[PDB]
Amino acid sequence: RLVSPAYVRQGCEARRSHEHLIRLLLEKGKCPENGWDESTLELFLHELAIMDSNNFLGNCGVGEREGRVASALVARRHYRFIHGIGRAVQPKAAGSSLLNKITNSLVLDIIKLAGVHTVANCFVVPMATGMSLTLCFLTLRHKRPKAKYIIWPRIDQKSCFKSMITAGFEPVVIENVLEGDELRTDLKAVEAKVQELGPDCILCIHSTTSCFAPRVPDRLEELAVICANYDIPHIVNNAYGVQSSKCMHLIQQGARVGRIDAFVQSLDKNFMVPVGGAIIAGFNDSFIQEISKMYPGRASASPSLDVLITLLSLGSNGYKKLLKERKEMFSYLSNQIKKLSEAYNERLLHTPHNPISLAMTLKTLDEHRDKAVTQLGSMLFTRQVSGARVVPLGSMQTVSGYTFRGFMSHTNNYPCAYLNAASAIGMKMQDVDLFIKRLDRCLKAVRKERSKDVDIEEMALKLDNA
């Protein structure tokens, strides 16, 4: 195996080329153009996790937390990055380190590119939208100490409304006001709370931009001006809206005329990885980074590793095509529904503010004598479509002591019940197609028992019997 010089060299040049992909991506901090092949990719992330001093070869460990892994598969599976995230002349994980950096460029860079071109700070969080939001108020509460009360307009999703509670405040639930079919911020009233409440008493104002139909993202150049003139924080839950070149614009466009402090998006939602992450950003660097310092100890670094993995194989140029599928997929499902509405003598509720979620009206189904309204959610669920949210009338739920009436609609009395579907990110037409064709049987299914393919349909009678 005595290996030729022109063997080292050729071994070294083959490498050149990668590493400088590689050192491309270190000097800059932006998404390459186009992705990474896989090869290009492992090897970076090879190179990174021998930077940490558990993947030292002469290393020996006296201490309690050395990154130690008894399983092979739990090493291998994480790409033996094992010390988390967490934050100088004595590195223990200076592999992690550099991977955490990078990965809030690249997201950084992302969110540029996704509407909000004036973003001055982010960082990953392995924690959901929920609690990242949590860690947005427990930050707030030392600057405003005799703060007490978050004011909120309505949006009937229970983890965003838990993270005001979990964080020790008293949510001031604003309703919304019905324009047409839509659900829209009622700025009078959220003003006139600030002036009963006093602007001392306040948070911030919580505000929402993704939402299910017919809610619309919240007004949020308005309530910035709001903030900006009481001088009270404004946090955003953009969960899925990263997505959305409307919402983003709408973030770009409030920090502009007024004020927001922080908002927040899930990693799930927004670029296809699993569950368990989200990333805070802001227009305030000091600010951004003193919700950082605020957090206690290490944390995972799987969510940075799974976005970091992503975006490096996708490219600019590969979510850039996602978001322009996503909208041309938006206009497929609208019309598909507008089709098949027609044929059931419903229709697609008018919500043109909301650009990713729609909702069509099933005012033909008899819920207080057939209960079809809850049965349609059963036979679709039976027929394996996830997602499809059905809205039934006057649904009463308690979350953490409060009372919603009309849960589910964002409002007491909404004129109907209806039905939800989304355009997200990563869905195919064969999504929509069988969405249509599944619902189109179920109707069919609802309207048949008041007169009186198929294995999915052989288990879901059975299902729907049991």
Contents of the next structure:
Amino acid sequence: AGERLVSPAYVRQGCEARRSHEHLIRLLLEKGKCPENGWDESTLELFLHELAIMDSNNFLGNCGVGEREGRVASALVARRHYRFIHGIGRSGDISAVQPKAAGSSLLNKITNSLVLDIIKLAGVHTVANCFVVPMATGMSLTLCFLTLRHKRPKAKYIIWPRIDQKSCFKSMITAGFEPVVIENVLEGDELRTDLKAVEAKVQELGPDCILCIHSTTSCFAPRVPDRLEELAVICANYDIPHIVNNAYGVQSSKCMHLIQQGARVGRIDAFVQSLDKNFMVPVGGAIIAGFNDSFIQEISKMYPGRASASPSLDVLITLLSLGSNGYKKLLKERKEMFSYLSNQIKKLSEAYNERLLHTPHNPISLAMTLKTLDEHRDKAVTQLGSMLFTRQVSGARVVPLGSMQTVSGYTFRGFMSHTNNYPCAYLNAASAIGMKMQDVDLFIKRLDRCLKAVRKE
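Now the other one: the form deposited in another entry, given that the block above is the form deposited in one PDB entry.
Partners and other molecules have been left off, which leaves just the chain.
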């Protein structure tokens, strides 16, 4: 409005240009959905700075005489968080609007609305409610289990189809329940759910003694996502809650449609996803989503005290920068890289007298056999994982046979294989969101060089 110096025509075009940024911000505040095209950084930072001004710690004429005033010692800390200091929620409700932080409260509502829009876009079009929690997937599963205790005070067991992952297994024990490990059935090369053993354990222990059935979608090959439809029917019949571990299944349309079809024909009370694995942000946050708004609110109000806004801000920045088209592009390129990674493993397996485990139901992880490797006591399988780690290859885990691990008092036989005696040792490789073609070409090149070193030795 300073037309005293600059000509009025040029100030009018600049002030009218600001209306274009306010148009994008208004559309987000009204519809609460992910924009199709990503915002420019100029629009995003203008939006973030305007939100932070609404927080009482950033008021020009504010005075504080309490114990939690959002004071910041280091200017580096304040700037790297865009001056969002008060966090999210209140002492009694993590979903409540914080009176001292209107901008942080609005940031939390918009983030959960953007996340809900992505969950529908990813495949679960029928999701009712969700919320971001600044805890990992393991601790977020624990929060679901802690909520179910007060609704099922006579239950002490959690029925859990086996998956060799320490975080989700410890969630059941951290919540104070006893996991009932259901071994998997070897159908071809795939380890799938044993529906007969699951329903048998329900009748042996009694439905009232079961806290919930804890299934899992995204997992390492040769394990595949659980039969969520049949497990949801069992949960609906015996009136047992169903909690789905969907750690990195948002990036997979097959995983999300499983959760959708399971809630369509049966019962799914909540499914939990990781922020870092599905949205390419730092580790630390998760999403608790469900189809019963009454129950999702119960989980949210079960959280004691305020919580960090840092994961919510990272997801807000990322989704607004990518847009719904930007996220869709990454979902399409992940399917392309999955086919490319599969074909490169097939070609490399033939040259070394190996094969690719046929796991068509796992759309993220692959497994190449390592049968023609260890000379019983040559330690070649263990050496391969160390040589790959030496040549700066991460994410390719090696699963040997006969491994035994004790996790929180429970001893697993055949650890990392999801079963007691898998036929052979294998090598894992996955196509996750954001993987470039250079990752596969460097992986194949360095894996080939590592295999030559063992064959030559």
